[PDB]
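One-letter residues, chain by chain:
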Amino acid sequence: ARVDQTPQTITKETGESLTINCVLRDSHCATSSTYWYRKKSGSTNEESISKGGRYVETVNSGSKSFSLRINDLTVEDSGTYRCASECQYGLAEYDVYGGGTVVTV
Amino acid sequence: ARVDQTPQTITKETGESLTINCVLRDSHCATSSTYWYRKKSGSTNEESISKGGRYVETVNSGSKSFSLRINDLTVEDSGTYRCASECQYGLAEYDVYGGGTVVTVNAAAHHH
Amino acid sequence: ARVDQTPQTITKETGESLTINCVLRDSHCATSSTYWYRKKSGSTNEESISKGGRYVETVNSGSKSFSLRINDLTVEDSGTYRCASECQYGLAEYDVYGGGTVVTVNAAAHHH
Amino acid sequence: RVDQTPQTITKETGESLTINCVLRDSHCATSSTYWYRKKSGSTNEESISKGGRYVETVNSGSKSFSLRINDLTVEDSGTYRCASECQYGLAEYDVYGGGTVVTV
Amino acid sequence: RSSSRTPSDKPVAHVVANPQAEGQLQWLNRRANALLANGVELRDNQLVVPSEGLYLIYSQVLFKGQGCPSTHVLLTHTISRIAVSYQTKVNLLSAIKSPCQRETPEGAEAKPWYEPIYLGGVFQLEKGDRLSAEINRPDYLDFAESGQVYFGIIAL
Amino acid sequence: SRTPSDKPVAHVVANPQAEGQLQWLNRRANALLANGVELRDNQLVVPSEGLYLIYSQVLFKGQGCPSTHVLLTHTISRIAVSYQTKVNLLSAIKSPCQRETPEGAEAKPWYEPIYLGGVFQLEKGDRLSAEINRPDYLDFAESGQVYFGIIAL
Amino acid sequence: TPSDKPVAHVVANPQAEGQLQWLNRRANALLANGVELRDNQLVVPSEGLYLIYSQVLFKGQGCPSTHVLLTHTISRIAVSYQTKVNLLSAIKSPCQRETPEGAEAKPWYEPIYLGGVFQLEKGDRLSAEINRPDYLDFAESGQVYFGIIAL
Amino acid sequence: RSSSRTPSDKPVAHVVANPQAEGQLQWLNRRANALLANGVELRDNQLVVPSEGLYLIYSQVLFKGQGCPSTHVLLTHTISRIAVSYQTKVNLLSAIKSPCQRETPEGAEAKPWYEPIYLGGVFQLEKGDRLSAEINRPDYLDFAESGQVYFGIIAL
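Chains as they are written, first to last, in the authors' numbering: chain j, 1 to 105; chain p, 1 to 112; chain i, 1 to 112; chain o, 2 to 105; chain f, 2 to 157; chain l, 5 to 157; chain m, 7 to 157; chain k, 2 to 157.
To give a feel for the contact side, a few chain l residues facing chain m, derived at Cβ under 8 Å:
1. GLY54
2. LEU55
3. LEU75
4. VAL91
5. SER95
6. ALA96
7. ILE97
8. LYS98
9. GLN102
10. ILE118
11. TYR119
12. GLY121
13. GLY122
14. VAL123
15. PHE124
16. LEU157
These are calculated hints, taken from the structure and not from any lab test.
The beta carbon of each residue, even a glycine, is placed where N, CA and C say it ideally should be.
Please take these sequences and the hints and turn them into a complete structure.
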């Protein structure tokens with residue numbers, strides 16, 4: 001079905017950069033107006049991601065996929081990776097989602 | 001019988017601690033990759049229990065048995081708890097399940 | 001009734017002529033598009049009768065009615081006969097059907 | 002497979018039909034062309050000859066090849082199912098299609 | 002002997018179930034009070050959109066049985082779309098109905114039950130999109146009379 | 005572990021706790037899906053060109069025989085990159101119920117199984133699918149009554 | 007990038023009037039690497055262990071009379087023992103009783119499948135046959151088939 | 002006056018029921034077109050896997066009765082596996098069939114019924130695994146003619 005996020009469930013080591021990729025399967029969404037949502041494990045409020053250096057958008061326009069990077073994984077690193085995109089055709093405007101959980105021991 | 005939950009029907013009081021034991025019967029399943037799932041009474045969606053705080057886990061690979069002690073028990077945490085394990089030998093990878101239900105009664109509040 | 005064949009139960013002699021008439025009641029159907037279908041005892045194939053020779057079809061647009069005289073009455077042609085026509089008004093085009101059975105037995109042949 | 006173009010034809014005596022079939026399997030080639038006429042209403046089947054006046058406009062780009070039929074009276078009316086032999090590896094087969102012409 | 006007056010219209014389709022067909026959902030258009038014109042094609046129980054634009058999709062199914070066995074029966078009815086842009090079948094309109102919660106009748110002279118389902122909505126469709134109406138249990142279809150099962154789109 | 009690996013293989017079994025649908029599972033005791041065969045959308049993906057053996061069994065059970073006259077079918081299909089159309093490779097049909105629902109001495113559970121098997125030449129990326137028309141008579145209450153698998157010979 | 011070993015999968019011709027005739031020049035069917043189809047028979051080209059399988063689907067448009075018994079057998083006549091012997095066999099009664107008495111016909115379907123591993127030698131003749139070729143349902147997709155593969 | 006000419010290697014077995022077994026399912030290999038070689042054992046009507054690897058399991062059983070005594074008849078046929086890792090009998094392949102749908106000579110005579118059942122699948126087996134083909138009613142077996150009942154494995 002639509003939107004297949006590659007790292008769905010990840011278990012990484014303290015200090016290890018985990019890369020999160022989302023691959024679009026609906027050929028109507030654009031990888032240019034990409035959005036990222038994190039919900040840190042244990043909270044029930046969805047926060048946004050400010051991509052400022054540590055989170056790099058290694059978007060691949062060929063595969064209609066976008067990527068995100070973390071660095072020096074911490075020990076409090078707990079959060080569910082959710083990606084979104086602002087698809088747009090003629091009239092209709094919608095968004096699409098994926099799925100992803102992170103665990104750091 | 002490919003994973004055996006010992007406490008099938010339990011009745012504890014709010015503020016207690018129940019231990020559920022699971023013993024492996026397939027020598028291909030490992031005591032390292034164990035998982036627990038609960039289904040809250042009256043709901044259909046099965047939720048996945050997280051490892052931290054109230055849920056302490058004792059694992060012994062020698063006897064291939066793992067347990068899940070549940071502390072600070074409330075009356076809203078009554079449901080069917082299952083244990084799980086990841087098995088892998090040759091080209092095969094599968095999982096195994098169990099079953100066991102908990103019922104919690106309350107303790108009222110002495111109103112003078 | 002969207003076309004009605006008049007003869008329902010017919011009893012003919014060894015080798016004679018059965019006449020089946022169908023009258024168009026829908027002014028959307030044209031007498032310029034006629035089709036015929038017959039059935040055989042226990043058989044499951046809808047066959048198309050051809051217009052020529054032993055199968056005679058007469059069309060008169062005034063009453064919007066057509067007939068089918070069949071001669072040389074073999075007794076293996078015992079079955080339910082339906083008629084059809086092509087109707088088309090505006091953006092719609094459809095066809096209509098009927099129903100009616102024929103039965104014929106044999107004779108003594110005078111082989112003394 | 003096979004996409005024979007003359008689906009329903011009821012032309013009048015004296016016409017000319019070009020019969021093209023389009024291949025959908027990348028195993029079938031426009032190399033093995035052939036048609037199986039029916040000669041009015043028969044209870045068997047016949048064939049049809051090629052190599053000269055009954056030649057085709059075979060075009061591999063559209064994966065269609067033709068059948069030039071002239072002076073149609075009543076012997077040039079029948080079911081011209083189309084056929085081709087497809088081959089990829091250890092498999093060898095042929096495929097059929099469909100298309101009829103009628104001249105009054 | 003017939004005639005036709007001014008059509009002047011746009012893509013339309015209204016197909017009806019085959020009455021003399023066994024347990025299957027086969028759509029027909031060459032039957033009284035049915036339409037399939039102006040480019041809409043019925044390929045394989047599917048409607049082919051001939052041009053990009055907004056369409057209205059509708060369908061009705063009537064389920065009838067002459068008794069309720071005990072097996073928890075759920076009657077479903079869905080209109081789906083497979084698009085050229087996203088080639089996965091997704092539901093646009095759906096409905097579910099439980100025909101009988103009543104304990105398996107130990108004796109009622111069969112108790113014939115009737116349950117209908119209707120679906121309708123407006124959607125944006127693209128060129129070459131294939132719409133499909135389906136049901137889960139074709140053994141309870143009541144295609145006896147007409148207008149009891151149908152399926153259609155209309156270019157608004 | 006003491007043994008080596010081999011050639012593309014798959015043996016998937018129906019989900020017992022999915023009453024109402026035919027979901028193929030591979031992460032269950034005595035099931036296989038390895039060496040390149042992918043399970044995408046209830047479909048097996050051929051990992052390499054070659055000769056494969058495909059098989060599937062389904063067991064149908066119903067309570068009493070109603071007067072609906074149902075036809076039970078079971079088919080294995082292949083949609084190839086070479087021919088992008090659903091074609092059936094193996095098929096079988098069975099009519100289980102002739103007589104009407106008993107009006108005296110009722111509840112008559114009938115059981116009818118169906119088995120399919122054959123060898124075919126498949127290409128890379130071909131998606132194989134085993135399906136049935138009436139998934140309401142499935143008897144997955146016991147182990148290995150419904151299954152589906154391929155193995156490259 | 008080729009493939010090898012004797013293989014065969016033949017399917018009945020739908021245009022075969024009341025008879026079980028095996029065909030090979032159709033889409034999903036193979037017969038290569040030495041296997042010959044002679045007189046409705048498969049000829050093993052090399053000695054080894056082969057996998058033999060076949061299915062036939064029986065259809066009738068009503069219960070005719072008494073009890074008809076449907077059989078389907080794969081037989082082998084070898085160069086070492088020149089008699090046709092049955093390797094795999096199955097019997098099935100398609101109609102139980104209640105031949106249609108006035109009430110309309112009720113088409114019944116009964117399939118039968120056979121499969122096993124056997125040792126075949128050079129020149130052996132395998133044949134799949136059924137007793138009532140008048141109830142054959144060879145309509146479209148492979149409902150009846152017969153094949154071998156060198157393991 | 003004997004010899005051999007071909008080697009062959011794959012552990013294989015194809016055993017057939019004993020015709021002189023009046024009321025039981027005893028598997029035999031010393032019959033014309035039957036095989037059991039390259040290490041496979043048959044311990045107490047059970048096949049013993051000689052090496053770990055991928056095997057193909059198949060079996061057919063044919064049931065015959067000369068009349069239906071009571072509607073309540075269930076024909077079952079299952080292939081079991083006991084592994085060294087999990088010492089309990091588990092079903093690998095199973096099938097059930099009901100030969101008699103009510104009736105029970107209410108207006109008929111001794112109506113001989115025949116019902117075959119076939120089982121097949123691929124499994125990964127380890128050294129020492131004991132496979133067993135069993136049936137619930139050993140009195141309805143029809144092994145009177147030929148290859149109608151059998152059971153076999155082959156290492157692919």
